[PDB]
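Asks: In case you want the letters, here they are:
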Amino acid sequence: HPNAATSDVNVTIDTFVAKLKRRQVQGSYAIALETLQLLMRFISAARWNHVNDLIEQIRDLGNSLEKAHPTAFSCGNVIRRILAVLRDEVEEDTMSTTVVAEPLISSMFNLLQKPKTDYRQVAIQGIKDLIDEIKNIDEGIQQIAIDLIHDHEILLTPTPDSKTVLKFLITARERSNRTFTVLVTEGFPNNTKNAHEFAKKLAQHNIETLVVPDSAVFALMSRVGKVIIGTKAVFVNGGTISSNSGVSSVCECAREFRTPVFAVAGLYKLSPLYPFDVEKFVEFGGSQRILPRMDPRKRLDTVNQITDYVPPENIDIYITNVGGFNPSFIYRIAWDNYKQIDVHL
Amino acid sequence: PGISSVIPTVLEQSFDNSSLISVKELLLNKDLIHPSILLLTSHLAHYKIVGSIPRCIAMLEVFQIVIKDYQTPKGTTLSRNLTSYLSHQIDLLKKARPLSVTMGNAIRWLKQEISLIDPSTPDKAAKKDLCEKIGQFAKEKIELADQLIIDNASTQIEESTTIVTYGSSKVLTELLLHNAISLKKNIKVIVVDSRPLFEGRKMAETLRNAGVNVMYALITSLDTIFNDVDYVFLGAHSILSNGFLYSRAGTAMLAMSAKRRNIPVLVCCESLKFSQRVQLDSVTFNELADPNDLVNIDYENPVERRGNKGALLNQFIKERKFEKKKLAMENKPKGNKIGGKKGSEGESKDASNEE
Amino acid sequence: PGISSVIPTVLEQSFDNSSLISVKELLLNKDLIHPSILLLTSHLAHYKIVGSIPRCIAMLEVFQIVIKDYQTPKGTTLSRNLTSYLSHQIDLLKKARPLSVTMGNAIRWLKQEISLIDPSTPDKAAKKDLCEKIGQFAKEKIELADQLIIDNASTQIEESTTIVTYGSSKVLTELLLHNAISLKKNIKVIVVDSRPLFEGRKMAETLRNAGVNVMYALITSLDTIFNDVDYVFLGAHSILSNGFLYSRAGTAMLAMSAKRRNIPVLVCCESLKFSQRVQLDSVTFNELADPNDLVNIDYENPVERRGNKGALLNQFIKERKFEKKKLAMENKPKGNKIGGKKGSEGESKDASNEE
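Same order as they appear, the protein sequences are chains C, G and H. Residue numbers 10 to 108, 113 to 128, 147 to 376, in the entry's author numbering, belong to the letters of the first sequence in order. Residue numbers 237 to 257, 259 to 464, 466 to 593, in the entry's author numbering, belong to the letters of the second sequence in order. Residue numbers 237 to 257, 259 to 464, 466 to 593, in the entry's author numbering, belong to the letters of the third sequence in order.
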């Protein structure tokens, strides 16, 4: 399937691709927004008559998008959600067209046995719903969040790169009777500047900031109380993709010390496919940013990566806009937002 | 007389015990000081190469030089204000950069020597024999020991190798170089660096100066690094009464990682470095330094950019602090290579009373 | 409403997540308060026997009694001030001592019921069917659930069993008794108990009254009986959607020990004990009583003695605090048996949607 049909009917595909490839598009949220807009454009314009064929077309589009860029998960997720939204309505329609029992909301046994309408507006509304969801995660978190941390305790903070995490911290810091001391690891060849910014913000906020060299984690772990990951994406068996560098080692340390690890994210960040590898998903940075020189630097083959993967085991809770979930449980949440056939396009 | 007071930046809250301040730029002092000590202090303070092994050697050399230059006064005997002078030197050293365990040992040895030949002798006969003795001692307990360690290491490698490394351990540099050159094996070297002082970079440079197959990375960049690769090596500074690894910075995390990922670690040690001072934490007594070790914005050392940060005393409520010497977990590093070839660090003080 | 604040004991620098005191000795009570509630409050204030399960039942009974005593007024309708009354009662309960999740659920159900029946139906006929339905609910969501728990236990628990427990959880007591006299087997049942309460002691007494071989245990040495012990149930109170147990006393320690030594720990529960609220440590939401429970020299409960103890403010600063409810862990209590029969606490809220 090529862009042969999508020409003077829809244009912005190419623009999207450009944004993906050269990185003029920045932050998962923005990508998601872009995808939503694309979907809106698709809907306001494309010509149907049928329904299954339309679904197939949409699937193909999704596939194409994936092929254009994989690290953008939000894009995929939103598409999947909208497909799911459509699907339920389609199912409802079919029941009226033809003219049922199940123990709970969905079934395994309904997959074994043999099983024109106004869906477009519903589809439109789905997109709006998605947009609204995207709008605020934090305004559905800080009620399950300004609860866990207490007085005279000590936080450990890797990945000051997810805009959500900072906000979460600051909401907690707001209270005039609650007090905590904050340790912040750097993350060097991908995060330093961000970390510095975060530190500055903390200082501004009138709270006790502590700047840490990425080495010196072990000389302070005796006093450590909590662990917060600044993840970018979330997956099937619980685990997360993170907004780059200096998270994995610290998590491992925490696990060794048995010092609690929390995950703060969102369900637009939530994805309906397994990270069978880290290799196919997590991408690498630029060897140029570490060291100068070039002709002795054909010999100096240096390795540095942007994104970070963490195994399901070290992390314990995923507090959402919906509420507190677990690595064992998050799969069902995903299923509650994207349907069973939508997993594979 | 000297200079005290006027210290840079905020004093934070925790880890408030050790000297970290001071004479960086000189302004009036006492009037009979030999300047070589002062020069050395100046060097050590603004040093980006030294790492446990060479400092003590340098100190020894300086002392030798002093002895050679030493003139016995026409009035009083060979040790009257000499002790005072030595004390002053010590004070200066401490003000500049703390006396390490090796330095303490050296001081002890000096004191012993002072006691050995008590006041009764002239000049060019006593110090003639002293200087030679000390040279011989240096030859014995240091260089030969290092050689022994090297040769132990040589056998320790069997068939096929892929290694990850850290630290400005002169001995380790020697080791790896030896592997590369006069052993001609299939020796792969991966380097880890650190922000407080650039040791990893130096190591890499040294490797290049041989033409080694080198990968290079840092403290965080590790999770991908293991995706075949087996060996891991470290370079400790000192071991206490406890058997704990009281060394420099970025070691412990790496060690932990290695432990987690199946294949163990090995460190190297010297048969003089052990102490009877007892501690089990980083907080007790540490190499603490000025936060100027964290001002530069990546890439190199001399660049100086007006980007986002560049202030400390004007930053209201901000506590920027870093540590240099750590205390690594006891059970984690397996093999230790001292004078008696091989052994478990559960030994701790097995050579301490042996002296 | 009465008297609030103005009470002894300091704010405590260590642990102050919830308030600590209230109304114990009655004076100037409002001329509408039902005596059953008052009596219950009086009981709970200095209660030995009940914990979690029977409390809820008692509350339900009280509510039923209140309903029976209540008739529709000429001015105000059936749903006009009932809700307000309920709220007041809840506030009184809170003031007395914080409550359980089951209780909350019951309250919610009551509220729902209030909404369900329309204010137009015959008043005598309304409460006739109401009290029946409440009774039915009680039977199903407690007695039936208990029966189901028992039956679950039956299939799982082996021929001849040694069972070690902590607390006063009535279900477990019932189960033990069933095993003793109804189905008939050998039962070596060991119970542990702390200083302030005598729950374990009471349970032991009860068992004796039914004729069982019991071992009476304390904190100072648990291990001495394990090092043999084969099957263990803990003091169930409330589960959170994490997969933990907000429960009584040093059960956590016991669980840890069990994990260390051979066997998993297991727990039975009711399919309405579950919450949807969550927490993860013994600091989160503490359940507290007065530090007066440990002033007397032990043996019994009401004694009144002269010796040394009795200083909360008298001497130079003296804080004698404690906890009642603590955090039980996750990886260890693998077993859960409910109204929906089976499952793991790893599956922390797989019945909360099914309801």
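Be aware that a few hints might be false.
Below, in silico cross-link-like pairs of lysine-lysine (DSS-like), each with a Cα-Cα straight-line distance of 25 Å or less [claimed, not checked]: (1) C:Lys224 <-> G:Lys425; (2) C:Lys231 <-> G:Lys547; (3) H:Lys563 <-> C:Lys257; (4) C:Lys232 <-> G:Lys425; (5) C:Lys257 <-> G:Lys421; (6) C:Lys257 <-> G:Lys439; (7) H:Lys376 <-> H:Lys580; (8) C:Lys231 <-> G:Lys562; (9) G:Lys421 <-> C:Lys329; (10) C:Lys329 <-> G:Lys422; (11) G:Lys547 <-> C:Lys194; (12) H:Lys376 <-> C:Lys257; (13) G:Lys547 <-> C:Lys224; (14) C:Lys329 <-> G:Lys425; (15) G:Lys562 <-> C:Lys329; (16) G:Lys497 <-> H:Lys497; (17) H:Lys365 <-> H:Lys439; (18) G:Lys311 <-> G:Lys365; (19) H:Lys376 <-> H:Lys311; (20) H:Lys305 <-> H:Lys364; (21) H:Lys407 <-> H:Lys364; (22) G:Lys562 <-> C:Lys224; (23) G:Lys497 <-> C:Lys198.
Read the hints as simulated data drawn from the structure, not as lab findings.
Asks: Holds or violated: are the alpha carbons of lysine 365 (chain H) and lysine 439 (chain H) at most 25 Å from each other?
Replies: violated (38 Å)
Asks: Does the structure keep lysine 376 (chain H) and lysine 580 (chain H) at a Cα separation of 25 Å or less?
Replies: holds (20 Å)
Asks: Starting from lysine 421 (chain G), check that the Cα of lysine 329 (chain C) is at most 25 Å away, please.
Replies: holds (22 Å)
Asks: Run the distance test for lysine 547 (chain G) versus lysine 194 (chain C): straight-line Cα separation, threshold 25 Å.
Replies: holds (20 Å)
Asks: Would you check the hint for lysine 257 (chain C) and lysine 421 (chain G), treating anything up to 25 Å between C-alpha atoms as holding?
Replies: The hint is violated at about 48 Å.
Asks: Would the pair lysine 231 (chain C) and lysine 562 (chain G) pass a check requiring their Cα atoms to be no farther apart than 25 Å?
Replies: Answer holds: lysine 231 (chain C) to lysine 562 (chain G) is near 24 Å, not above 25 Å.
Asks: Hey, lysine 376 (chain H) versus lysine 257 (chain C), does the alpha-carbon distance stay inside 25 Å?
Replies: violated (44 Å)
Asks: Taking 25 Å as the top limit, are the C-alpha atoms of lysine 547 (chain G) and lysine 224 (chain C) close enough?
Replies: Satisfied, since the Cα-Cα distance of roughly 9 Å is no more than 25 Å.
Asks: Need the status of pair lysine 257 (chain C), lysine 439 (chain G): alpha-carbon distance at most 25 Å?
Replies: It is violated: about 36 Å lies between the C-alpha atoms, which goes past 25 Å.
Asks: So if I understand the rule, the pair passes when the alpha-carbon distance is 25 Å or less; does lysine 224 (chain C) with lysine 425 (chain G) pass?
Replies: This hinted pair is violated, its Cα atoms lying about 33 Å apart.
Asks: Going straight from one Cα to the other, do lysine 305 (chain H) and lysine 364 (chain H) come out at no more than 25 Å?
Replies: Roughly 7 Å separates the two Cα atoms, so the pair holds.
Asks: Given the proposed pairing of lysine 232 (chain C) with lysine 425 (chain G), does the C-alpha separation stay at or below 25 Å?
Replies: Judged against 25 Å, a Cα distance of about 43 Å means the pair is violated.
Comparing the model with each numbered hint stated earlier shows that hints 1, 4, 5, 6, 12, 15, 17, 19, 21, 23 do not hold.
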